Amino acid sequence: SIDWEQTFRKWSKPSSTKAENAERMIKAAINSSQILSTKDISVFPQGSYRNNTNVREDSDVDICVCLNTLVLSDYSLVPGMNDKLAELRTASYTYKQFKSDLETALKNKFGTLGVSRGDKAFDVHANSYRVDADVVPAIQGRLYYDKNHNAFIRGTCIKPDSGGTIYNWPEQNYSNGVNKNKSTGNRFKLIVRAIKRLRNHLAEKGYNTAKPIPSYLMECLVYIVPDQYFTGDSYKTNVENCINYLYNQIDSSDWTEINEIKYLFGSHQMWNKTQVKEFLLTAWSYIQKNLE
């Protein structure tokens, strides 16, 4: 027997200074770089630690280092919009030089043994500064919605070493999560944590359906569930409402990420709605009562 109400209430508990320490140490690594200290660079958390949805004690902090003066624009929505109308200035400093200089600064502060270069981010681990971070080099990304040099949504843009382009909207993710947590009486992020820990519990116990469901996907999926299903006094009922809605609405769905900009499913995502439906069925079966 399992008191799933009690288990979901315990799994909804939050963790505060980890993200702040990571940001401060990466910022200090940048400020000690001669070339990067003069640049217009922002350092800020993103992901679960930013959104207060982190549930694993040993998970890395997602830190974004954004060079704000390099701009990459998505013109797909506005016919006629281009660099000329957007007043894009040509720049000598490139994304590769920025990433290489950031790698040099990270190695300078934290040591080469603690810095590893990946396709998208740097894996940083330095116990001397208590830093366990995924540090993403990004530039200013824009999504225009009108033929006007200011009519755009601003986020971050990543150029992986293996080619291609990626757009992130960390501020939008954060603010949308904050607003949904406000309109649900802080139950939204509680249920996010509970369901993420449910997925982790299922993955550790060998359920294959829980393996390809990462944290950000869970946060997006739970954000999609309407607010009416987060009311009441039973956390288990909220989890079951979320699973029911997501399971019976996903086939006809045309959902977006929590930023309400990027589509949740598509060629740009490594997940598909079949995996999500299978995981939802597994979780539902796992939490039911009187099941032999």
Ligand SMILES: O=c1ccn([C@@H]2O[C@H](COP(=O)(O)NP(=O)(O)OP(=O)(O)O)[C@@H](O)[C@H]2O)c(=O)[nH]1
The other form holds:
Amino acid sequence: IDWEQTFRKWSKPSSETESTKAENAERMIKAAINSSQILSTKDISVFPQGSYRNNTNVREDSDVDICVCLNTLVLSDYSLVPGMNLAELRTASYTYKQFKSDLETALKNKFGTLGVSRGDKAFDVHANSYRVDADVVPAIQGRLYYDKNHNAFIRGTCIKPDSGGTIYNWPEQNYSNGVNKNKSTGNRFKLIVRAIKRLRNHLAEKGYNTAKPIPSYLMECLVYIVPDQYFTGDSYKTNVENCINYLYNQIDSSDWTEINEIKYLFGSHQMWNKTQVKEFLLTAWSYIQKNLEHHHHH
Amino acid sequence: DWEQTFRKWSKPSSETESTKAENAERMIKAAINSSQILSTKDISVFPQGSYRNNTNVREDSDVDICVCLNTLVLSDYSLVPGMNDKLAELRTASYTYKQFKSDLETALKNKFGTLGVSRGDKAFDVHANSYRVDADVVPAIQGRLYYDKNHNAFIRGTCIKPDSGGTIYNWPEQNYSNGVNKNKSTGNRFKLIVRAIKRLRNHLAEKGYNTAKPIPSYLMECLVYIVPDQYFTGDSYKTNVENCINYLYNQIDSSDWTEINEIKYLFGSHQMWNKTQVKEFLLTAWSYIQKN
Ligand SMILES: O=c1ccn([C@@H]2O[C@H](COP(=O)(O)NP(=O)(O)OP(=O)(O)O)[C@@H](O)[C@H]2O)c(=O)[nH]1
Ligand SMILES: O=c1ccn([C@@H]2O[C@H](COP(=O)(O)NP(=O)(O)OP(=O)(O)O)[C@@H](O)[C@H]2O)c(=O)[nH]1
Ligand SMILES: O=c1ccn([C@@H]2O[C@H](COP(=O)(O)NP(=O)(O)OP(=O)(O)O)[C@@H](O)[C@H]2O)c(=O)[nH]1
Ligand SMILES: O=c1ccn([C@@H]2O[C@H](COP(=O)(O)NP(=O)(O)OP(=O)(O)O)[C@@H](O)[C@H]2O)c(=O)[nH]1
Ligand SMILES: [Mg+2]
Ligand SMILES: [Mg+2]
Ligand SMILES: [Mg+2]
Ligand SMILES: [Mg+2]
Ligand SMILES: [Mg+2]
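The form deposited with the ligand bound is what I need now, so please give it after the form deposited without the ligand.
Next comes the full complex, this chain leading.
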């Protein structure tokens, strides 16, 4: 296996029409909102997120992630500021539940009932008439306070799944930090993200169980953590090896964040843990070598 | 220990019920969207039955999915004398329920394979391990029950036309909403007791008590829904079950009960069950709970 040529091939985008798919999904979801007499009067931002936005998508059948964010509903994380975490007696006019229901109705009115399915977190939209395949998430404004000052917060999005709980997302920070790192590495960062995502997909489809619990976004975060110096040179294989090496040797003592540099990459709030990452890294390290004499599951 | 037994029997069939229902819905929706005929039609694909209503107790229960063609309408005018299709603005359709059901069969077989799809008199039985689908997929069209001569004075549900003939009206949205309302008013005790009594019926049926055999799950869900909320209070599930059995046995003869949708009458020539069967089962269950 020529891993240099394979990684160069695997560094490509899923296609050259990714911007087209993302913009078409965005515009059709905006049209769905604008046709809703309830939602068209609300303060709502519709924007792409996920791997299509970040140019890290590698699968052509990947749904476009569209965030529909109601800006006038706010949920804040006060856990970092001592003494910052009452209730008002008047109810807020619009609730997250009513917002998600009205979004469901708007999507169904625009794309038809066959094209919309309500999920726990987002709507799965598959509308052949408009050729839209999208994961459309209802979000509200999310805040992380870092001081007791009224303006001392970072702004992102917040999701309230049907099954309970609160999820904080930072899509703008994700995108912006990824672009910044791509500039600092002369575009090598996202090339290597895509190569490693395709490596993980390859391993998962070949039945390597260590690859299955390692999703795309986790790998984007992990590769983002690798210092820029390891992306230099003219060997993509050396870049991949540097990433695996750095991550494996630094993960145990680390307290890494996601690519947004706001949310912790590991903890009880995440679906993954350091052991799974380490097992995957060992699998990947062995798999790219030319001839292994021995195997490491001990 | 009937208290702990009923508490255990009140649990859902598993912790993955919502996942199973959603997967069934999405895979059937994908089959429809792959159909060159059906993908352009106004069709709703949605779960109904015990998975939708959170009253399922058997892990091997198939997910009930309704595939409803909304642009075909069958109207019930039996409550409004002098109401017809012209007074309801319904144009005659070229497309028939028969061909719709055949096209649904084709869509399902194309996605899940011929081996994974069986046509029944009412619905398709779908069992495809590759997609992890175990479902009863019923073809329905829009059904209407008119309550006045106004052209918008109707209640909307679904309508099924079995291969062997006849017409069945269903009201899955009303079923779901009324069940949710009663579950809220009783602090979730309603559906816990529904599940406990369904497991009691299944236990009795598998032990050879013949009176349990003609008592299906949906009938018991309706019957428990009828019981007033006061009998779901307290901290004894056993007392809740006994209250339901007592109330139902003592009120059934003079009653004119409806299904949980509060639209269809629970007993009559349109149903597969009758009051005598319910009473025989209630006596069986009451005696079985006492003699143990
Ligand atoms: O666990 C998660 C999953 C998803 N997300 C957020 O939701 C976005 C989209 O969720 P996603 O599952 O589509 N992941 P994505 O990065 O688009 O990769 P892929 O579709 O496989 O090519 C991610 O990019 C994250 O920003 C999380 O923050 N945490
Ligand atoms: O943190 C998150 C997690 C999830 N999401 C968004 O919510 C969607 C659903 O997230 P999901 O975990 O419910 N299911 P998934 O397998 O990712 O996709 P699907 O097959 O459509 O059910 C994801 O695809 C993301 O777009 C976020 O936006 N942020
Ligand atoms: O006689 C019937 C049978 C079924 N149905 C409708 O069809 C739905 C599903 O039919 P079902 O036979 O699966 N009964 P279900 O309530 O799901 O309980 P379970 O044994 O756990 O599967 C039922 O919930 C009813 O709403 C009727 O309306 N009348
Ligand atoms: O009123 C009805 C009746 C039936 N159905 C749907 O049609 C499916 C088949 O209905 P069925 O009566 O042909 N067979 P069923 O009693 O459900 O199972 P079994 O005893 O093992 O033969 C049911 O499981 C429901 O999903 C309805 O949706 N509404
Ligand atoms: Mg994505
Ligand atoms: Mg997605
Ligand atoms: Mg999706
Ligand atoms: Mg059922
Ligand atoms: Mg069934």
